[PDB]
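Q: Listed here are the chains, written in short residue letters.
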Amino acid sequence: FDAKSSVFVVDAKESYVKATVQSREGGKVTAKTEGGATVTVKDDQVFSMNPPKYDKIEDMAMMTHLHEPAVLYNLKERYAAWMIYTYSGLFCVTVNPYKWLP
Amino acid sequence: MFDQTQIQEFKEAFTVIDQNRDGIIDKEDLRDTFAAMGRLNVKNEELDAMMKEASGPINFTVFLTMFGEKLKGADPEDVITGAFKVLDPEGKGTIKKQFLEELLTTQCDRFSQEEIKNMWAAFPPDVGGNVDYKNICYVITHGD
Amino acid sequence: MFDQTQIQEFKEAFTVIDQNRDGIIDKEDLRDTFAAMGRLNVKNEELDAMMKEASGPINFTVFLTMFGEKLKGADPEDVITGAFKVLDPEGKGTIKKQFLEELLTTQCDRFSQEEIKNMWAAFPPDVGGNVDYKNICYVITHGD
Amino acid sequence: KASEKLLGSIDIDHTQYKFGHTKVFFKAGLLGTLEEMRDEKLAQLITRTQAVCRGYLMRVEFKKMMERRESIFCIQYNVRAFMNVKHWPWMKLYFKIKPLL
Amino acid sequence: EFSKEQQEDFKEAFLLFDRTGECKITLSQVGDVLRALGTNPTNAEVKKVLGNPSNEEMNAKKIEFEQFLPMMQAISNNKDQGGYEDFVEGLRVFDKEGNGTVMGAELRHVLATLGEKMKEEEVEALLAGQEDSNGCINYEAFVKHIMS
Numbered sequence: 032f033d034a035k036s037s038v039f040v041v042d043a044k045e046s047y048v049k050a051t052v053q054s055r056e057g058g059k060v061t062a063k064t065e066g067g068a069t070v071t072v073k074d075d076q077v078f079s080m081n082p083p084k085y086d087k088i089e090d091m092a093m094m095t096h097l098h099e100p101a102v103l104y105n106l107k108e109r110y111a112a113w114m115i116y117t118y119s120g121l122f123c124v125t126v127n128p129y130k131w132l133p
Numbered sequence: 021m022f023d024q025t026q027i028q029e030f031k032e033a034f035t036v037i038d039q040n041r042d043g044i045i046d047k048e049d050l051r052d053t054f055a056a057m058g059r060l061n062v063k064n065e066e067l068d069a070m071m072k073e074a075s076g077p078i079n080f081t082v083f084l085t086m087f088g089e090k091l092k093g094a095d096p097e098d099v100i101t102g103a104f105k106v107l108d109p110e111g112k113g114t115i116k117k118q119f120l121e122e123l124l125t126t127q128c129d130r131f132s133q134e135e136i137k138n139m140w141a142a143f144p145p146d147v148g149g150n151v152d153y154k155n156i157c158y159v160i161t162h163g164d
Numbered sequence: 021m022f023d024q025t026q027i028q029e030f031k032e033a034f035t036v037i038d039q040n041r042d043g044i045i046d047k048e049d050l051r052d053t054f055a056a057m058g059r060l061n062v063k064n065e066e067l068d069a070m071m072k073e074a075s076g077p078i079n080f081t082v083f084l085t086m087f088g089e090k091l092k093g094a095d096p097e098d099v100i101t102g103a104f105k106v107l108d109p110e111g112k113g114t115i116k117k118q119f120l121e122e123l124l125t126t127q128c129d130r131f132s133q134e135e136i137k138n139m140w141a142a143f144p145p146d147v148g149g150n151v152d153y154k155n156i157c158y159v160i161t162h163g164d
Numbered sequence: 744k745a746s747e748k749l750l751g752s753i754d755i756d757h758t759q760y761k762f763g764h765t766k767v768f769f770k771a772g773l774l775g776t777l778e779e780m781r782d783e784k785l786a787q788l789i790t791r792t793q794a795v796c797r798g799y800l801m802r803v804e805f806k807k808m809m810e811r812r813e814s815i816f817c818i819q820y821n822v823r824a825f826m827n828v829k830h831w832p833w834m835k836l837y838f839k840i841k842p843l844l
Numbered sequence: 040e041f042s043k044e045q046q047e048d049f050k051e052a053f054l055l056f057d058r059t060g061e062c063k064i065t066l067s068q069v070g071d072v073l074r075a076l077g078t079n080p081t082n083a084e085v086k087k088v089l090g091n092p093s094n095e096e097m098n099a100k101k102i103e104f105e106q107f108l109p110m111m112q113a114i115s116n117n118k119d120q121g122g123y124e125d126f127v128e129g130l131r132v133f134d135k136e137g138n139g140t141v142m143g144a145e146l147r148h149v150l151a152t153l154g155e156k157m158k159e160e161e162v163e164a165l166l167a168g169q170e171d172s173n174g175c176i177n178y179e180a181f182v183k184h185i186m187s
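Line order of the protein sequences matches chains A, B, C, D and E.
The deposited numbering runs 31 ahead of the 1-based position in the first sequence.
The deposited numbering runs 20 ahead of the 1-based position in the second sequence.
The deposited numbering runs 20 ahead of the 1-based position in the third sequence.
The deposited numbering runs 743 ahead of the 1-based position in the fourth sequence.
The deposited numbering runs 39 ahead of the 1-based position in the fifth sequence.
A portion of the hints provided could be inaccurate.
The calculated PhoX-like cross-link candidates involving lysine-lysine, where the alpha carbons are at most 25 angstroms apart (straight line), are [unchecked claim]:
no. : chain 1 : residue 1 : chain 2 : residue 2
1   : D       : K829      : B       : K105
2   : D       : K839      : B       : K90
3   : D       : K829      : B       : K137
Honestly, the hints are just simulated from the structure, not real lab data.
Construct the entire structure; sequences and hints are all you get.
A: Take a look at the structure:
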């Protein structure tokens, strides 16, 4: 994969969305990502993505980068692909789809 | 580059002639060697002229030194065979005359016109214009 | 310490090479000795280098003097066998590797690390770590 | 021992891992650096394979089959040796002495 | 510094490549002069400190013999080139089932689609025919053939 530094950024539609760090100075990062635009945010609010080997992982304690976006992205990636249940360290985490399931 | 194969080959050739006083090839030894060689090439001046290519007394060590001209090219058996091989795409019947004539004459460390005549008088060939490389390799070391 | 057994052994080795002018080992004599010895180790500088270990003219008396290095240890046949025997309690299958390595390395007139490597490259052994003493005794005098 | 060597050459602090009996315990972050370096090193190893394949394939056939190549030098020089020695008596003698051993 | 023997070997390779008779090798050929001396330089190695132009591009520069001598010494002779151990564990990324066997299509795809990309012409030229039924290619046998 590209060494462009894929990292999760705060947004107000998707609370954390994937972004590409690329250019950084002091506390400010000028980042690209899914919408293709560049905006400037505080680096302290921008949190490491795990490589694709840890996407959809069984237990969240086995993610190398542990932060609320990595947790939310894995739960989104599990849930969108039909998977209601995920472990998180000691926890079992259950996202109800409201469907009856087989 | 004088190999163990070559010097042992030369040692038996010396030792067959030998029998004279402790390991020296002399005039008589050559003269009676010709008796078993089928050819009367025993003429005294020519026979004693062959002693002039050494400083004296042809022992085995001197005999190797006399053959110092011989080694000055002398690529081993299949190196000359594998050298000619690269000019054969067609697999025995070997090298077409025109290509070989160009290769020696107008290219490389160029052959002079006398050198070309010196070879065409002793090369094996067909009637169309092809030249046997393996028969040339045999002619270099000789067995007929 | 040059014994009658050793000098008579050396006398036949001289006498087989010999035949040259009344009892002198020369260059040719060595060269044709190699012909019956199965190996082409007859290279002229190396052959004539072996003359430099004497002042000149290798007669039998000079030949014994040339072997002056050889005698400087050379304890007789069963003495080396008897010396090794003291270090074998188990009666052929012989000396355990660790004990022998300690015996040479840290006991008596200590072996250097190079000397240990020089021996381990030519010692007979098993796959567990035992060393044949009698096969080492045979290797010292050689018969294969 | 494989982990001892791998952790020893990748420059990771002793505060950041622990050696166990069946498992190695790691701080957060560390396996990301390993995955990124694994991708990079695999790319570097593939270019080496392609370079060795080009090592093998960049046999200039003019250095094995053209005019002034090694072989034609051997042909020209041995043929030049042959033209001298095909006249000399002691060349001719040794060739008929040895069929008579 | 190089030995007299190394200088003459480097020269023997050089005297073929200046084939026009100029005493000068065309700059494009320098990576393949290095390959002719048994070093295995990457095209990334070739364009940097060895000073090569574009790929397959002639005419731009030429190199004298004495200029070529540090261009052997300080380049591929001053670095790691990879060994057997590299290739075996790089290939084991693509060993799905652990048997030393990789699909011929997957191996051609690694050579053509990844790294310093190989022409299909190059890939067929280096292929020793070692493809079975769906037993595919032994990749260790491939590495040993390419490193001999």
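Q: All the hints need checking, so say for each whether the structure fits it.
A: Structure-based check of all given hints:
no., hint, verdict
1, D:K829 to B:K105, "holds, 23 angstroms"
2, D:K839 to B:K90, "holds, 16 angstroms"
3, D:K829 to B:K137, "holds, 14 angstroms"
In this structure, every one of the numbered hints holds.
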